[PDB]
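Student: Following the hints, position chains Cc, B and I against chain D.
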Amino acid sequence: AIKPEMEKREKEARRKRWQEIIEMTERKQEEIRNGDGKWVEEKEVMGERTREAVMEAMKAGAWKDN
Amino acid sequence: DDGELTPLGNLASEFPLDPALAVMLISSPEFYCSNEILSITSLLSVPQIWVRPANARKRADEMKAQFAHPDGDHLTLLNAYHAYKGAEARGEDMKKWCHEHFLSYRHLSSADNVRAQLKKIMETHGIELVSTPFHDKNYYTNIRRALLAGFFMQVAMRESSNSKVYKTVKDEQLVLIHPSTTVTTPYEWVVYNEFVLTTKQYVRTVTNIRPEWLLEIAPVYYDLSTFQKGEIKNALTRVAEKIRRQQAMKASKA
Amino acid sequence: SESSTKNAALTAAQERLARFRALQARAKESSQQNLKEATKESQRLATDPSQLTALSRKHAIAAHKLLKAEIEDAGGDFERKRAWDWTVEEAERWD
Amino acid sequence: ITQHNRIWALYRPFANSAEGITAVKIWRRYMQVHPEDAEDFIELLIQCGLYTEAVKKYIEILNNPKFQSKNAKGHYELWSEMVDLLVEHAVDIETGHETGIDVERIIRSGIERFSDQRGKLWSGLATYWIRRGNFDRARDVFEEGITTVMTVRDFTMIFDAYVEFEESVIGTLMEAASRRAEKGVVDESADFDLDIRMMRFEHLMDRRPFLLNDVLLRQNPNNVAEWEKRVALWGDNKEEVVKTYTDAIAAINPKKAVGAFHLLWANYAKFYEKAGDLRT
Numbered sequence: 164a165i166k167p168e169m170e171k172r173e174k175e176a177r178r179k180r181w182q183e184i185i186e187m188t189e190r191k192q193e194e195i196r197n198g205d206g207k208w209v210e211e212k213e214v215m216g217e218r219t220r221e222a223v224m225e226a227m228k229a230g231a232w233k234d235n
Numbered sequence: 511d512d513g514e515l516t517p518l519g520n521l522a523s524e525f526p527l528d529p530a531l532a533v534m535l536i537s538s539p540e541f542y543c544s545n546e547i548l549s550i551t552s553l554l555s556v557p558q559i560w561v562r563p564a565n566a567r568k569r570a571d572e573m574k575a576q577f578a579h580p581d582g583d584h585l586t587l588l589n590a591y592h593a594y595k596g597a598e599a600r601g602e603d604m605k606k607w608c609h610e611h612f613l614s615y616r617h618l619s620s621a622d623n624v625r626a627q628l629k630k631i632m633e634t635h636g637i638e639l640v641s642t643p644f645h646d647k648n649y650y651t652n653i654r655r656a657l658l659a660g661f662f663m664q665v666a667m668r669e670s671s672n673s674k675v676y677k678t679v680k681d682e683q684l685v686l687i688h689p690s691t692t693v694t695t696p697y698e699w700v701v702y703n704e705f706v707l708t709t710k711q712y713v714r715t716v717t718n719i720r721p722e723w724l725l726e727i728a729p730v731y732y733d734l735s736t737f738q739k740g741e742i743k744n745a746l747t748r749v750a751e752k753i754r755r756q757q758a759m760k761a762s763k764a
Numbered sequence: 069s070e071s072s073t074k075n076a077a078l079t080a081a082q083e084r085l086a087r088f089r090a091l092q093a094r095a096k097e098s099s100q101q102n103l104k105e106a107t108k109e110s111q112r113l114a115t116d117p118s119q120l121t122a123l124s125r126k127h128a129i130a131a132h133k134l135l136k137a138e139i140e141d142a143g144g145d146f147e148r149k150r151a152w153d154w155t156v157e158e159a160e161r162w163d
Numbered sequence: 141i142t143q144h145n146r147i148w149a150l151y152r153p154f155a156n157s158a159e160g161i162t163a164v165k166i167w168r169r170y171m172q173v174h175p176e177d178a179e180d181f182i183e184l185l186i187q188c189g190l191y192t193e194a195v196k197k198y199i200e201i202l203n204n205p206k207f208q209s210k211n212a213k214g215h216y217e218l219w220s221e222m223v224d225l226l227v228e229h230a231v232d233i234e235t236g237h238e239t240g241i242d243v244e245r246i247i248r249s250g251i252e253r254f255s256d257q258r259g260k261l262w263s264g265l266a267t268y269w270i271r272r273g274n275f276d277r278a279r280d281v282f283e284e285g286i287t288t289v290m291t292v293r294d295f296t297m298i299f300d301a302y303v304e305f306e307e308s309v310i311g312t313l314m315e316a317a318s319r320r321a322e323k324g325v326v327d328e329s330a331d332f333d334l335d336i337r338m339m340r341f342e343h344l345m346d347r348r349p350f351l352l353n354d355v356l357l358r359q360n361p362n363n364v365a366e367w368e369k370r371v372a373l374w375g376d377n378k379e380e381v382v383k384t385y386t387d388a389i390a391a392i393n394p395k396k397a398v399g400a401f402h403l404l405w406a407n408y409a410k411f412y413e414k415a416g417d418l419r420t
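Protein chains in written order, with PDB author numbering: chain D, 164 to 198, 205 to 235; chain Cc, 511 to 764; chain B, 69 to 163; chain I, 141 to 420.
Excised from the complex, chain D in its bound form:
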């Protein structure tokens, strides 16, 4: 009574499982195809520090360009 329906169940279980394995492989392929925190806040802090340097430079009159 149970054998054909569990045969079908394991059949589409195999199908869905290795279909999902496939889909993981193309999602990693797309991740490669299109390719940190201390980094980005270091960039932001040097940007604000460079701005502060700019304002103090023309507040003190540091024009020595050529």
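Capping the alpha-carbon separation at 30 Å, the derived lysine-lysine pairs in DSSO-like fashion look like this: (1) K206/I to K207/D; (2) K136/B to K191/D; (3) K191/D to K677/Cc; (4) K213/I to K760/Cc; (5) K206/I to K752/Cc; (6) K760/Cc to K228/D; (7) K568/Cc to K369/I; (8) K752/Cc to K196/I; (9) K108/B to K207/D; (10) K196/I to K763/Cc; (11) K710/Cc to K191/D; (12) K210/I to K760/Cc; (13) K595/Cc to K96/B; (14) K228/D to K96/B; (15) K228/D to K763/Cc; (16) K568/Cc to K179/D; (17) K710/Cc to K207/D; (18) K126/B to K674/Cc; (19) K96/B to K568/Cc; (20) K136/B to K179/D; (21) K126/B to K191/D; (22) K96/B to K574/Cc; (23) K395/I to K191/D; (24) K210/I to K763/Cc; (25) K233/D to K323/I; (26) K595/Cc to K568/Cc; (27) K210/I to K207/D; (28) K96/B to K233/D; (29) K210/I to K739/Cc; (30) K104/B to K710/Cc; (31) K210/I to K743/Cc; (32) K165/I to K760/Cc; (33) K196/I to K228/D.
Everything labelled a hint here was simulated from the structure, so no lab data went into it.
Tutor: For chains Cc, B and I alone, kept in the frame of chain D given last:
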């Protein structure tokens, strides 16, 4: 401290929103980003406007990337609201534009109505409405400072440089970032508007902020004298000591 | 003349502000694209290409299983359809 | 000397309460007797205003290969401390061989030592030079680091610092030139100077992807796609296209290539063929 309601508490009770949103709207006049902060608070009060259908997940992701901002999810939502307002001013259909950009027209209208109600309440209470210039580079920093002042309680810090798991200071909660976040690079401090507990602990609606900015926004909550465990509070105390040393150097040089 | 010089300076300053805004926008776009390029420097320091060739191998074998599954699901003979493509050297080795 | 331990232990809170030049004389003698609290003396020098002696102390303590920071500060943390103090007080540092301070030499030593934060050290040197006000030398060392950087991250944080610095200074001179322009004040030092600054910025920003491709190929001299992108950026200039292709041919190992060398060679051959040259 005695439980008595102050004028700020009375204003928060009069404003039909959360106490954190009311505090953010009150502190936005100091950050000079009152209109943007009111729009963000209205969008947070209204339901989620991002639509991600199963059959249109790629289109929804493309629309979110087009309307997203690198400063944070709150910045992305503000940019989406600004784009919707610009489309409405230009004369495009709001529902058609929301369907094309995977947005919710009803949620956008509710956010606009909540923003109008908040602006009316601010005009009744005498709260000034100011907005920083678009060409000014301090607009995003002012918006982040206003968001940190509004929601400094829900702030998370990364555990390590090699680990993406963040540690919210609220009872030392180990969580992650939600997949719907528009921030490609995680921040040192993430101010989270909503925390969702699931099989994977993730935090949604996260905006970038620094520990020094958070301590300047909320010195009482982030006090190093009353700071408990652990290393996140130690790093906050180290940042406060560095800021104090910088202030001492500036005072010596001035 | 001085009014003409003032008008020329005003138009030049308007062009200068337009150039400033365009340079700001181009700098922001370049900074975003180059942060993405940093993620390619990283994320390939994460994805050392040996793992990429390995996942390509799993893709190939699982896609082979799938293709065989729909061939005998439609009812065709997968081995006859491949028999149209075996070479002489391969066939002798298989025998 | 044996009782000097007790005597100094009672002496140092008097310095911490008295502060100032008296306290730094005290703690100089305390370094003469017992060198352990270098970070505390750094804090006193920063508070007092003796950053030249602080830089000399930095050099001495880092030269001594035995100091361990009690605040868990590593070698790079100390290097950040030197560059931060130098950039915060550039005008208070007396350079020359008499004081032993050479900012360019110490930062280039940091460049050749700590290659991970080479862009950070280049940005620190440039920001030190703009704190001093030597904008042309800042630009010279800036382009030197741009040409001699091998990291895309370092190159692009350097260019972001360039964008911020030059944008802010030209903005300040927008207000200067405007407020001189309602009253009609203009000369060669303002209008022609602004024209040549924007000429420099536009052509350097157009040459920025060329330098980005150069940094990418210096990082990896096998990226066929990068060489194709660089030569497409070169565009219609035939001699430059020919020389960039020639460098591509005598630059990529065929066994270590990571692209389509066959497609690159096909583009080279079809370029000569569609131009004029069937024999080659």
